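A lone chain, given as structure tokens: the form deposited in one PDB entry.
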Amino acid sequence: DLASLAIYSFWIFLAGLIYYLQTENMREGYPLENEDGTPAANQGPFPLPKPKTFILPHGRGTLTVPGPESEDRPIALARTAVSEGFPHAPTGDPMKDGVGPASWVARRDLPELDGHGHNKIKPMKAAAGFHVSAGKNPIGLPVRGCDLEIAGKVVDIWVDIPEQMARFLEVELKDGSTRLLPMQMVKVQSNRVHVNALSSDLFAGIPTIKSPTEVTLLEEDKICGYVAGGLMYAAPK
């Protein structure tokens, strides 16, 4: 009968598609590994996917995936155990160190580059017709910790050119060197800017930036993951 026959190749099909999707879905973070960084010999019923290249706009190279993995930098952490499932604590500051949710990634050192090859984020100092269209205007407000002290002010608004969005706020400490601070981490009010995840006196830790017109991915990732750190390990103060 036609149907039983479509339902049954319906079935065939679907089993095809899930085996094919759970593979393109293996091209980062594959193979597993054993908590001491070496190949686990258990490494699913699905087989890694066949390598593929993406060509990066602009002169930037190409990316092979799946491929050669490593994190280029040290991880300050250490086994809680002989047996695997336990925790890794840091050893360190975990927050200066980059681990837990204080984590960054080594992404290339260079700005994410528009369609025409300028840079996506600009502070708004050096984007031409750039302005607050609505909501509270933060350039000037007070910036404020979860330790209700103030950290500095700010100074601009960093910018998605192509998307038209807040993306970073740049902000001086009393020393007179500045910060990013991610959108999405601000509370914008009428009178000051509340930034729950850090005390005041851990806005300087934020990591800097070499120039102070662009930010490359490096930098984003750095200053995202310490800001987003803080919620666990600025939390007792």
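Only the largest set of C-alpha atoms that superpose within 1.5 Å between the two forms is called the rigid core. Positions refer to the first chain, counted from 1. First, how it differs from the form deposited in another entry.
Fit the rigid core and compare the CA positions between the two forms: of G44, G205, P182, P49, just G44 moves by 2 angstroms or more.
After superposing the rigid core, the Cα of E35 is displaced by 2 Å or more between the two forms. Put the two forms on the same core and the Cα of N25 is off by 2 Å or more between the two forms.
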The other form holds:
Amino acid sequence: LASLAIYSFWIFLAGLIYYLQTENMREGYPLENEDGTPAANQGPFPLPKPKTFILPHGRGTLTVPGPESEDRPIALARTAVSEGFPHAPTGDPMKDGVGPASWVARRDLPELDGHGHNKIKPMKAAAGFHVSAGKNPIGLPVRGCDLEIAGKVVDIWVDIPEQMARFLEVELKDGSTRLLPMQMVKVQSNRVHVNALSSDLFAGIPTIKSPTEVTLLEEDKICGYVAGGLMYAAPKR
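Okay, that's the form deposited in one PDB entry, but what's the structure of the form deposited in another entry?
This part shows the chain on its own.
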């Protein structure tokens, strides 16, 4: 056998690789890529089959491959002529949420843990939840990349299941509160430094509808706005 077995194994691999693996990646990524001819750059094969996900506690059925387009508008005028170029933004990309600022319209509902309840809600609303090591961010000045303070930390919003600080609630100087991703700030002892953003603005962060819960839609809008600041804020590089 042996030479039979190694030949057979290389057959198997050819099976495995495209007709499970890359087929199952075609299921969303980027879903019969069209801005012109939908497959074309190289011979694929094919677009996988529908698979439906019944979504947990509540309602849902996701059938992928997704027949979907975001119309919800990409404010991007194309630099054209040699057709494969950068699409420029028509106005301020940051507010328009495009490029490194891009949000995705996910669901405008909060993600509810294993037993239908908000995954992230603020520490005010968490039963005996409090900071067990490291600087306590609450009450620190919040300073942006241009070294100017744009508020103060008021609360930590925590993921309960996998117990973790996910957001900081920052009260801007005028009682407006902004939510800010923990993965974007540097909690020191004398200030909390947000490098991605300018102080004088910060204000532009998408606002929450309830003050005690954030939706998937909103999370993406906040995080996207923040990250885009890294490119789009000339006071830093």
